[PDB]
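> One letter stands for each residue in the lines below.
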Amino acid sequence: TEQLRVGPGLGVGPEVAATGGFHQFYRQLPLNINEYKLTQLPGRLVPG
Amino acid sequence: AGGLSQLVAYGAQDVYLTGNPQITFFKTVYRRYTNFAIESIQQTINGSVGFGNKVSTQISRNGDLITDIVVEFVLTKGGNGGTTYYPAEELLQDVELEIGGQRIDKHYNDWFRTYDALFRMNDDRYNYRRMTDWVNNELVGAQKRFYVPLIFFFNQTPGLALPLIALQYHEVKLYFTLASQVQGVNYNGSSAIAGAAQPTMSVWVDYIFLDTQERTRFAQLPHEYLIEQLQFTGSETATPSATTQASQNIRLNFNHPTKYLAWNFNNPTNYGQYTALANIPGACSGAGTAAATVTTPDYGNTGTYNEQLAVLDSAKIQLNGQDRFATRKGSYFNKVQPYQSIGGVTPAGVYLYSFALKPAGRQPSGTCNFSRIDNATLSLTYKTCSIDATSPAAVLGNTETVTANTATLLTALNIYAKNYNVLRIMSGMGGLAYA
Amino acid sequence: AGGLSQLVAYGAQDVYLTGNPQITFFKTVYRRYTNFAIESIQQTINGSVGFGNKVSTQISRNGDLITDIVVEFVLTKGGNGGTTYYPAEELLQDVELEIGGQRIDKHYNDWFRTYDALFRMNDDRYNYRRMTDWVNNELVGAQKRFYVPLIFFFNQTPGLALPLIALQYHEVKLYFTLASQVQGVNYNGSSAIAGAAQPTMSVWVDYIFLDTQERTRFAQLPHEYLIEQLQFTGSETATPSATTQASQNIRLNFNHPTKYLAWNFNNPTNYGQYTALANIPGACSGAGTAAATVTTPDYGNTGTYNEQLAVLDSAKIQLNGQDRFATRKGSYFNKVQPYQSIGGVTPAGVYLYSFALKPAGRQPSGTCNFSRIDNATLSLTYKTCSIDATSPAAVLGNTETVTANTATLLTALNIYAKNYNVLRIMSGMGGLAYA
Amino acid sequence: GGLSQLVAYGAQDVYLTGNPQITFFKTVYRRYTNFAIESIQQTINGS
Amino acid sequence: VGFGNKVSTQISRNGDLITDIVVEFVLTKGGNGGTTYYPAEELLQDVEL
Amino acid sequence: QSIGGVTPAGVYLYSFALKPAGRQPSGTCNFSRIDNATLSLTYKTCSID
Amino acid sequence: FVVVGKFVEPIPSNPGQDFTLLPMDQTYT
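Protein chains in written order, with the authors' numbering: chain b6, 193 to 240; chain j2, 2 to 436; chain d6, 2 to 436; chain g4, 3 to 49; chain j3, 50 to 98; chain g5, 341 to 389; chain a5, 26 to 54.
Looking at chain b6 on its own, in the form it has when it is part of the complex:
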C-alpha cells in the first residue's frame, strides 16, 4: 500500500495531510440555542 499517515487539522477534506501547526485557524461558534425565544422589546415613552 501507500500508508497515507494523515496528520492533524480539521475543517477540511481528507486530501490535506496537515493544515495547522499548533493553532489551526478553523473555529466554530455555538448555535445559540433558543434564540427565537428572545423578543428584544424596545422601549417607549409616556405622555411627556
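The hints are simulated quantities; they were obtained by calculation from the structure and are not laboratory data.
The C-beta atom is built at its ideal place from N, Cα and C for all residues, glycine as well.
Worth double-checking, as some hints may not be accurate.
[Stated by the list, open to error] Derived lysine-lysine pairs resembling DSS-like cross-links, with alpha carbons at most 27 Å apart:
hint : chain 1 : residue 1 : chain 2 : residue 2
1    : d6      : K359      : d6      : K107
2    : j2      : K55       : j3      : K55
3    : g4      : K28       : d6      : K359
4    : j2      : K317      : b6      : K229
5    : d6      : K330      : d6      : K317
6    : g5      : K384      : j2      : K107
7    : j2      : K174      : d6      : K28
8    : j2      : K55       : j3      : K78
9    : d6      : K107      : d6      : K55
10   : d6      : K359      : j2      : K28
11   : g5      : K384      : j2      : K55
12   : j2      : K107      : d6      : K28
13   : d6      : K330      : d6      : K359
14   : j2      : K359      : d6      : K28
[What the hints assert, rightly or not] If you want the footprint, here are the derived chain j2 segments under chain b6, 3+ residues with CB under 8 Å:
hint : stretch
15   : 94-107
16   : 370-380
Guided by the hints, dock chains j2, d6, g4, j3, g5 and a5 onto chain b6, whose structure is given.
Okay, now just chains j2, d6, g4, j3, g5 and a5, sitting in the frame of chain b6:
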C-alpha cells in the same frame, strides 16, 4: 557626562521609540472647553422623613444638566463605638431613578455596600466610610451628618449628566426608601433603642450651568447616551451545613449587554455581614475574649478579608447549560477577579465575575448580552459549615473547603448585574431604548 | 445668583481656557470596539509538582489571544501566623516565557518581590498580598489557595495580548521553577518542617476569543509589538563592616533601551529580606521581648520602611566611565525616585533609578540604550555596620551613614533592568527583533 | 466557553461593537522626542 | 397625613390615560369588634377633583 | 375592580385585563413574547398563637 | 491567505548580519 551621555547612546532600537517622533512629553496642549459652572442646590423632599418611611423628591430646573447627587442624613448614635456599620448607607434602603415617567435605574443599600466593597478603594473608600459611619470612636448620643453620594451613571461622570434642558416635557424624580431600622442608631440587633432620633434628610443635586451656545445645542439637538443600569434580584441561599456542601443552580433573569455580575451572601439581620461570625478579633461581638458571642458581629468591624469565614467554595456561570469559563474557587471571584478588573481589595463574602476587560470604567470593554441568552445560570458550590466558631484554633488553622458553623446564618443571596442601555433624549422627551 | 453668576464673569483671561471651545465635559463619546470574549482556561502542567521541582506547560490554542496568566498554589502552614512571607511568591522561584523556542522573558521570585515593592500600591498591594500570603493571623495547618499573577508584558494589558492565532507554527511555553524551600510552609529558617505538604499547582491562562473580523486579521496579517523584558544579573554585595564603608563598582551587563534599573540587597536565606534585623518592634523575631533575636526576622513582618536597617549609603550610575547623574543618597533611590515617577511607597532596601518619566507605564517615556554603552557601571557606597542591633536605642537613635551590625547578612545583590524590545510576528511565526 | 458569549449578539450590541472603531488588543504607542533626565545639585546662596 | 389634615396629590405622567384611583389607609382598632363602622370611609372626609 | 364579587382570604388575583370576567378581550399580556416572567412573593411572619 | 512583507525597521548600527527566519506554510495535501 550627565544626561547628554545617555542621549549619545543612540541606535537602531531607539527608532521604534523616538524616531519620526509624534509627540513630546515636555509641552502639553490643553484642550479649550466650553464655559460652564457648577452649583450645589438643595431639593425639597415630599413625605415624612423617618425610619421606614418612603419619601420622594423632584429635581428642580435650576441648571441645564445635573451630575452629582448627595443625600444628607443626620443621625445620632444609639450606643457606643463599635455598634454601627455604615449606618447612613443602611438607612438609604433604596433609591429609584425615574426619567420621563420611566424607571431608568434602582439601587439598594446592599448594592451601595457591595459596590463600595468591590469598586471603591484606598483613600476614596476610607473617605466614603467617613461620610457614612462613625470612625473616630464616637460615643452614644453623638450626632453626625452623613453623606451618601448616589452612584447612578450621571453621578459618575459629567459626560452622562442628565440634560434637564433637553427634557423640556419630562420630569426627573428620585424615590427613596428609608430603612425601618439602622444598627447602632435606632436598633441593637433585634432590640429597639428607645428615644432614638429620627433622621433629618435632605437631597442635594449639583447642577451644571452651560453657556449660550452649548445650552442651545442641548435644547435643540437629539442626544443618545450610553449609560449603565443595575439589575437585581434577591434569592434564597442554598445554605451549607456541617453535614454537607450545598450547591445551587440559579437562573438569572438578566438582560442587556452586561459588564459584570456581582454577588454576595449575607445575614439579612446584620447589614453588611457577608461573612461568618467567629471568636477571632473583629469576627464577632466581643471576639477574642470571654464575652465573645458568635451570634452577633462586632458591628464596627462587620466586614473582613478573612476568607475562612466566607461560604463560597466554588462557582461558574453557564450559558444555555454550557460552561462560560472553568469552575473556579470562591477566592478567585473574591480576590483575583477584582485584582484583574478593578485593582482594589474586595472583602470576603463579596464576589465578582467580569465579562469586561475593565468593568470599573465608563467605556464598554466587552459585555455579555443576556438579551440574546435563553438560559443564563449562576452555579454555586458552598463550603461545609463544620468549624466551631467559638474556638479560634478551629477557624484559623483549618482547610480550604470549610467554614464556621455560624456561616449558616448567611442565608440571603444577592445577585447583581451591571449593564448598558441607551438613554435617548430629544424633542423635550426621553427614556430608554431597550426593554 | 448661583452658578449663572460665575458664567457671566467672563473675560480675556478665560479665552485661553474656553474661547473657541473644542470640547465639553458634559457629553461623552464612547468608542465602538471589536467584539471579543474572555475565558479563564486551565493549562496542563507537565513534570511533577513539588518543592524544588521544575515543571512546565505549553499554552493551549483554545482562544486567539492571551492576556492574564495566574499560577495557583495550594500551600499549608508549617507554623503559626507570622512565620510566612508572601510564600506563594517564594515558591514560584522563577517563570520563563518561551515563544518559538526563543527566550522572550523570565521572572524570578525576587523580581516579583521587587516589582511589588516598587509598582503595586495601596489596596492593590494589599489585595496582592492576600493572594500570595496568609494575612488574617492563620495558624499551623491552615490551607489556602494562592494566586500568583504573572507579570510578563502580555499579562499586564489586553493591549499586548499575545496573538497565539498569529503564531500558527510556533509553540508558546511557560517553564516554572519551584523553590526547594518555602519559609513557614516546609522550612523554618534552615530547619525542615516535618510533615509539610507538597504544593498543589494549577496554571490558568485567560484567553481572548475574537469575532470573525479580527480573528481573520490577526491570523492573516503581520504584527509588531513594542514590549518589555526583564534583564537580570545576580552578584555579590561588597559587604559593609563596622570598621569601613565598603564600596563597589559593578559592571552592568545589560542591553536594549532600558526604562529603568532596580536593585536590592538581601539576605538570600530569607525571601524578601532586604534589610538588617534588629530588636526594634517589627524588625526581628521576638523583637521587643526577652526572646528577641537578630539572626531571624519576624517573617510576617520581613519588609520594613525603616531605612536605618538598609545598607546603601549612596549610589550613582556611570555610562562609559562618565557619571550619569550626581551621586545621591540611598534614600533618594528608595523614597524620591518612586515618589516622583511611580507614586507608591518603596520598602527599605529596595532601590529604583528611572530613565523614564513613567517607569510604571506601558508607553515608553525615555530610555537608556545599553546596547550602545560599552561600559555601564553601578557605583555603590555602603553604610557602616557598627550599630548594635540587639539594642533598639542604638538603632532608633543612629546616624545617616550607619546601620546595624546584622546588616552584614545582606550579602546578595540583585540588579534588574526593564527594557523595550520588539516582538514581530509573520506567517505563523515570531520572536524578538533584538538579542 | 468564551465563544458562547461572542455569539450572543443582538440589537443592543450595535452601540458597543457595531461598525467598530477601535480594538483593545493592538496598542499603538506614540513615538516621542528623544530625551534624557539628570538630577543636578544647585548652589545655594546665603547661609 | 393625619387625622383632620388636608393632603393632596398631583397625578404623575406615568401613562396615557387614568382610571381607577385607590386610596390605601392603615388604621387600627381603638376598641373591640362592634366599635367601628366603615372607618376608612369615615376617615376620608372628602375628595376634590 | 375587575370582577365585582368577593374573594375569600388566601385567594389572589392579578388581572392584565380591564374585565377578566368577560370574553372580548378587554385586554391581555402576551407571555409568548416575554422571556423572563416571575412572581415575587413576601410572606407574613408566622408568630400568632 | 497570509500577508508576508519586508518588515520596515531601522538600519542596524554595528553589524549587517542577523537572523532571517523565513516564513513557512506547514500544510501537506
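> Would you mind marking each hint as holding or not holding in the structure?
Consistency of the hints with the structure:
no., hint, in the structure
1, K359 (chain d6) / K107 (chain d6), "holds, 22 Å"
2, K55 (chain j2) / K55 (chain j3), "holds, 19 Å"
3, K28 (chain g4) / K359 (chain d6), "holds, 21 Å"
4, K317 (chain j2) / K229 (chain b6), "holds, 24 Å"
5, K330 (chain d6) / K317 (chain d6), "holds, 9 Å"
6, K384 (chain g5) / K107 (chain j2), "holds, 25 Å"
7, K174 (chain j2) / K28 (chain d6), "holds, 21 Å"
8, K55 (chain j2) / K78 (chain j3), "holds, 24 Å"
9, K107 (chain d6) / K55 (chain d6), "holds, 14 Å"
10, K359 (chain d6) / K28 (chain j2), "holds, 16 Å"
11, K384 (chain g5) / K55 (chain j2), "holds, 20 Å"
12, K107 (chain j2) / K28 (chain d6), "holds, 23 Å"
13, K330 (chain d6) / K359 (chain d6), "holds, 22 Å"
14, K359 (chain j2) / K28 (chain d6), "holds, 21 Å"
15, 94-107, "holds (count 3)"
16, 370-380, "holds (count 5)"
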